[PDB]
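Okay, so here's just one chain, in structure tokens, the form deposited in one PDB entry.
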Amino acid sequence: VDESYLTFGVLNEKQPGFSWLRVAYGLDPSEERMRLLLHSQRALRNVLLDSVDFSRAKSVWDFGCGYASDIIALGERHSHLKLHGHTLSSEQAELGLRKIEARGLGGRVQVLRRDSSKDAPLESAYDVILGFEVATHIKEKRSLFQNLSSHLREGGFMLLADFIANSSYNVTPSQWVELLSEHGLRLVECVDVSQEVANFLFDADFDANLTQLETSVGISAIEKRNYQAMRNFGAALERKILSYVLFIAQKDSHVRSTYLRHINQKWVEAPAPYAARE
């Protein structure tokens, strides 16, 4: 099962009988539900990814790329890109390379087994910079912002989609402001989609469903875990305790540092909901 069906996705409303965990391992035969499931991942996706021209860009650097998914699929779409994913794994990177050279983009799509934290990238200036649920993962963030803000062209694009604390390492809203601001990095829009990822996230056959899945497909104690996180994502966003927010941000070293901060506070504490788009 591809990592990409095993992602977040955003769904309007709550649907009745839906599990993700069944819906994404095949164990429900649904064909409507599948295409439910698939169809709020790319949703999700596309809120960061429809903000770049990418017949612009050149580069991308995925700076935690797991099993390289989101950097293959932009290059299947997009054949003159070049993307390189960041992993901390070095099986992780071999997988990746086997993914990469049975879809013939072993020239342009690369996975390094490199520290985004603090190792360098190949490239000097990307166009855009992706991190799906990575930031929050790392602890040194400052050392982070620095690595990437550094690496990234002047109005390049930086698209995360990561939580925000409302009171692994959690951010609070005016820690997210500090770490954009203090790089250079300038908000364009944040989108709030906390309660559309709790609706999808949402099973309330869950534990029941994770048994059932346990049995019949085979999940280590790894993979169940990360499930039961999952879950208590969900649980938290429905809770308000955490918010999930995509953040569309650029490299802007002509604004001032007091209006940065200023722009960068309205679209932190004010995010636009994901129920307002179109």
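Positions refer to the first chain, counted from 1. Between two forms, the rigid core is the largest collection of C-alphas that superpose within 1.5 Å. What changes on going to the form deposited in another entry:
- Measuring CA movement between the two forms with the rigid core aligned, the set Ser253, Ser216, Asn46, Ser55 has one residue at 2 Å or more: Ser216.
- Put the two forms on the same core and the Cα of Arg35 is off by less than 2 Å between the two forms.
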The other form holds:
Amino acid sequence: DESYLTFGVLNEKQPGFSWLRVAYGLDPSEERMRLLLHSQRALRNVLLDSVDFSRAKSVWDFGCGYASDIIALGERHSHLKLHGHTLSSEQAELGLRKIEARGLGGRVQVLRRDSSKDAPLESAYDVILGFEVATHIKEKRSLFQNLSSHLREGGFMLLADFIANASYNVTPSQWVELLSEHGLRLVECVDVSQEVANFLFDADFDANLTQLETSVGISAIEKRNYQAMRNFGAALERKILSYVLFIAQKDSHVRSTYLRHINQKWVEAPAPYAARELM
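Structure of the form deposited in another entry (previous: the form deposited in one PDB entry):
Below you will find a single chain and nothing else.
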């Protein structure tokens, strides 16, 4: 169910569409449910389409939430081992419950580990996922040292995060130094700022949120995430932030000066989402 509570991309604003109402079934429209799931799948696929998971063994989600992402990957590719890190003992035990109910206990794990300073289970992951996690970590240099040192050579880091133009948002120059100092080479950056803003736009958001608080009930962690998502959409509309998808690879053999060059190209000139079609 938590998989319905993530970002998505809409090419234009849809009057009557409210990601909050649709995800919770308050909107009974089957076609709007299709739109919600499609827009969330389209955003995830920008990152996931780069990886041939038949040639991958281990995945690390270093801020997994309720582990919706790694559970879906585990059910889609039944050979994958997926590890998630979370700071919340609540989320950690609720995630393993969801994992138990789906018979995924042999492959999918959720650990209460601080990804900024705590090493994961595997020495080298083939894929590392970070969807809106680094923005909530201020010790980003310690974090990217931990991520890169546990990424296989040539392995993929797949980030969805914010660029500045309680979150700790950083500038394009700071992203370039983060990746370059730890041997991470961008294959592509994709800017989805406007399309995510369209997805997040709910002009009845305040009314819709209060309805969920009193008519279905909401935990404090959930209400804080929903209000954060709304404020993120406003920052995107105001162009204070960009939402960018990073596809990077661990590369220890490229010269450091060239690494900074090619990371700067992608960070300062990401591909616009509306111009891409991969098939």
